[PDB]
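As structure tokens, one chain now follows by itself in the form deposited in one PDB entry.
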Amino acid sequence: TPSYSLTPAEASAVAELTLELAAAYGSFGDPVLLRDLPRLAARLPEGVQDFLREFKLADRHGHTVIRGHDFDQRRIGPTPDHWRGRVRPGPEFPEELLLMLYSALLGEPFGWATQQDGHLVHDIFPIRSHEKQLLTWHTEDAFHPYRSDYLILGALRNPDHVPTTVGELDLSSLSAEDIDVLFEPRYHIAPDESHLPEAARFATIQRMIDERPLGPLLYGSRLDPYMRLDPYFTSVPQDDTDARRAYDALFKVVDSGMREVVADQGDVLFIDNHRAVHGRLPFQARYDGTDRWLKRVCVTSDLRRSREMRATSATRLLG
């Protein structure tokens, strides 16, 4: 797995640009910052731009990491209690912007209007409210036609080095018969809850919500397939014995290939949502303000493709 380790000079240039941008724009609520993202991202170290572009275009690895960023722990401040009601942007604005720049290099930043007040940058930290653990892994929103193309996870802090799980597909482990079955629309993938704590928009998912169209698991190249796998919310018709058999073999290959990848402080992990599944590992959280803290941006290659489910032309938020 290709990775990029920034020099102190690169790390300094990235930190500097990050602070200069945070001082010139109010928030992501600012329309012009969103406009300017790609032009602004062209001000990053050329080596960093080149690296990410090669990852995107190679379309070969499920994940990559840019390491050795300088995240000012004093400035960033203590890991907060909750995301809700919290004033945005916080002191860690610089780092959020960084992930936004990285997102514009990859595609476009987007979010879910219900998820975390619909903030384009998502918080990942322990919460006592939403607190024997089952080690699960998945494609992000595997059911959804407009699911992420890429995920960017920036580790602000990770004092106990709690890894992330990420796994890819090994084809040589599967027969040509199983693969062919997996390409066919013979599988149900259920949605997700995310409800409670606008009709023409809503009645769109209703094609999956009422009729429930069977979709494939593998698509793209047949020699190097993409995947959408969420074993927890996946269903197969009982009478489709071929499909169930091919689903078992696919699970067994992916499950056994899972790797632990640590996003330590200063790391930014890039997950290709079409080539890799990811997951959480359980950990003992302190709640004192020193807890592991990641930020997360969802990237779409094609914003306009989701227009039917977006409120207006301008909004990057779905639903």
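Rigid core (definition): largest C-alpha set, two forms, superposition within 1.5 Å. Positions refer to the first chain, counted from 1. Shifts are known only where both forms have a C-alpha. First, how it differs from the form deposited in another entry.
Only one of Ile179, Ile205, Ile76, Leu105 has its C-alpha shifted by 2 Å or more between the two forms once the core is superposed, and that residue is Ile205.
Relative to the superposed core, just one shifted segment between the two forms, defined as three or more consecutive residues with every Cα moved by 2 Å or more, spans 200-212.
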Contents of the next structure:
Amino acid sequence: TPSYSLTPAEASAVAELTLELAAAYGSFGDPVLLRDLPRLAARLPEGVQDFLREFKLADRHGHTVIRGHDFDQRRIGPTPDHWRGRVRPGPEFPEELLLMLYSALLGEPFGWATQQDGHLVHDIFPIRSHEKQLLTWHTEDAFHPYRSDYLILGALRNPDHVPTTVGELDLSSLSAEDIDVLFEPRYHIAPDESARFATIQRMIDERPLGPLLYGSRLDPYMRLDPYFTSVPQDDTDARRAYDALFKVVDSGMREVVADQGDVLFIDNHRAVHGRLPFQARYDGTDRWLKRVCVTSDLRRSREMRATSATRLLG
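Mind sharing the form deposited in another entry? What's above is the form deposited in one PDB entry.
Chain alone follows, minus partners and molecules.
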């Protein structure tokens, strides 16, 4: 897995640009910032832009990391208790901007109106409120036709080096028989728990059966969320193939640590991901990540978006 290590000079330039932009724009509520994003991302160090572009175009690896950012711990301040009621943007606005810049290099930032107040940057920190742990991995929103194409995870702080899990598809293990079955529309994937108007909420609803593999039959994409995946009982070939696919992916899972100053890029088409359970202090010094969802085609999701301009689904 290729990764990019920032020099002190690259890290200083990135930090400086990130502070200049934060002072220049109000928030992500500023429509002109969302407009300028791709042009702004061109002001990043050229090696960083080149690296990400190669990741995007290569379409080979499930994940990549840019390491060595300068995330000023004094400015960022203590890891908050919760996300709701918290004034946005915070002092960590610079870092959120960075992820939005990276997102603009891979596509467009988008989010869910019903998730975290519909903020384009998600918070990932221990919560005393929302508190034997099963170890799960999934494709992000595997059921959804307009699911993320990429995820960007920025490690603001990670004092105990708690890894993320990411897994890819090894084809050598699977037979051609099983692959062909998985490519066919024979599987149900269920949604999740996720204003009055216009045509209320649940719009373009639940419909057909779909495949688990797609794209190239020699190097396929996947959407795999094992907990919410069911196969019709009469379909024994599909059940045999789903079993074999699960074994390959489950047994291939890797631990990847996003330490402080790391940005992890996950390809939602080539890789599954999962959180790892960890003992939290709850004292403002806890592990803290930011997450941005990236779509390659914003217009493809128009029917589930309130307006043309909005990047929030639902």
